[PDB]
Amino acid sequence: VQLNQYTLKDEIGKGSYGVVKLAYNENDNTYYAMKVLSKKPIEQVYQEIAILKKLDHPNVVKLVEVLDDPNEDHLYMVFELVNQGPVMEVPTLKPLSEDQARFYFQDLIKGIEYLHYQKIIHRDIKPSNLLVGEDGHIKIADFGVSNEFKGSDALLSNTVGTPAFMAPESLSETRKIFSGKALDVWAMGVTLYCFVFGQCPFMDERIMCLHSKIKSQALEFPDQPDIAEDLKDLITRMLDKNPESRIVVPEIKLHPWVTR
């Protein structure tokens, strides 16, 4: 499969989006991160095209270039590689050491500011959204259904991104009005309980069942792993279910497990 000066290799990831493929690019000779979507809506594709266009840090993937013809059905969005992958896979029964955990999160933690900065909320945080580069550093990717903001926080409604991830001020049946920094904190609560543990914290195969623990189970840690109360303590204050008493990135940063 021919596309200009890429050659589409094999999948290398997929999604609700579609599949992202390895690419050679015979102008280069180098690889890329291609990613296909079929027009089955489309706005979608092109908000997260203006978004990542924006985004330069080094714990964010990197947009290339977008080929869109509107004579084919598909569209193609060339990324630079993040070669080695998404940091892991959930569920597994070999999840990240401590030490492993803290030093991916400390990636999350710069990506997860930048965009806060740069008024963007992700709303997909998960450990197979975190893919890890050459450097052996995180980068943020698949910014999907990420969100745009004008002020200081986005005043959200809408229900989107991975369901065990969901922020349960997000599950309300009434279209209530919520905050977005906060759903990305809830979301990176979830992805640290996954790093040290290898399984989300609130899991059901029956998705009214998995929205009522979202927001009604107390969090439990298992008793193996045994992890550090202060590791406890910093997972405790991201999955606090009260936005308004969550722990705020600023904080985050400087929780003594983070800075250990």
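Rigid core here is just the name for the largest C-alpha set that superposes within 1.5 Å across the two forms. Numbering follows the first chain given and starts at 1. First, how it differs from the form deposited in another entry.
- Looking at CA displacements between the two forms with the core superposed, a shift of 2 Å or more is confined, among 134, 99, 73, 89, to 73.
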The other form holds:
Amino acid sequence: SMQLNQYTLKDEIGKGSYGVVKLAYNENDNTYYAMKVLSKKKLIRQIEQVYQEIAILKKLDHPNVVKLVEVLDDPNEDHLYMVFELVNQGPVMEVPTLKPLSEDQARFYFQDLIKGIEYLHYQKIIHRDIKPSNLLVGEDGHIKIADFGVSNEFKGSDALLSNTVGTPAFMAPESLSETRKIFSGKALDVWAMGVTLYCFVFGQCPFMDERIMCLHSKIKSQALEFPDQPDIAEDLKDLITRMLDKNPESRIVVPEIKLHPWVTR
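Starting from the form deposited in one PDB entry, produce the coordinates for the form deposited in another entry.
Lone chain follows.
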């Protein structure tokens, strides 16, 4: 267990895009943290993606958002460390899974997600990678939105984007055009919340293919189909359908989601 300042690094708990995430025990505090360990050699070969994320994380203080506690950036060392509050239960689920959440467990987490995304949208942040593996379950049973590695900070009431980033299964149709286009960033987040809620209760994504262009094609043009098992309520089917509206103009928005009967019952 390598020691770095006050911390003692224990097992790897996962990997992000670059580097590793390790459980870390703090000797000053007598408590555990999650430490993202990044190699600057490896980031200098392929980030400025690291320092924007850090600038975003420093602005963010909400019980449904992961908390960045400190950055250890030595100019004359290779490693850059990023220390987060540990969210001790890990992700809300693995996808695909044969054991999806119940409708009631899904609602609980979905309410937390609304609260978190609403905060993020209020702070003028589009997450751009909302999915179950980025939603970490804490001590209290609540979720914290994690991984701001591709998020975008905007000026104005919405972000107006053209670049395609994120996880393909949760990308909205308006973002998958062959020609360059411009699309609302908030509506992207909402579509991803809908694919997320679909996963919560069915344990798989609504559109899936290993082939990227077959996936894009289904996202853009395949109608939403619900399986026979599980049998989910019609109020839930309506909310998912409204979030996975392929037209970003008519797609439901976060203020409307909050007032939806599946949410408020």
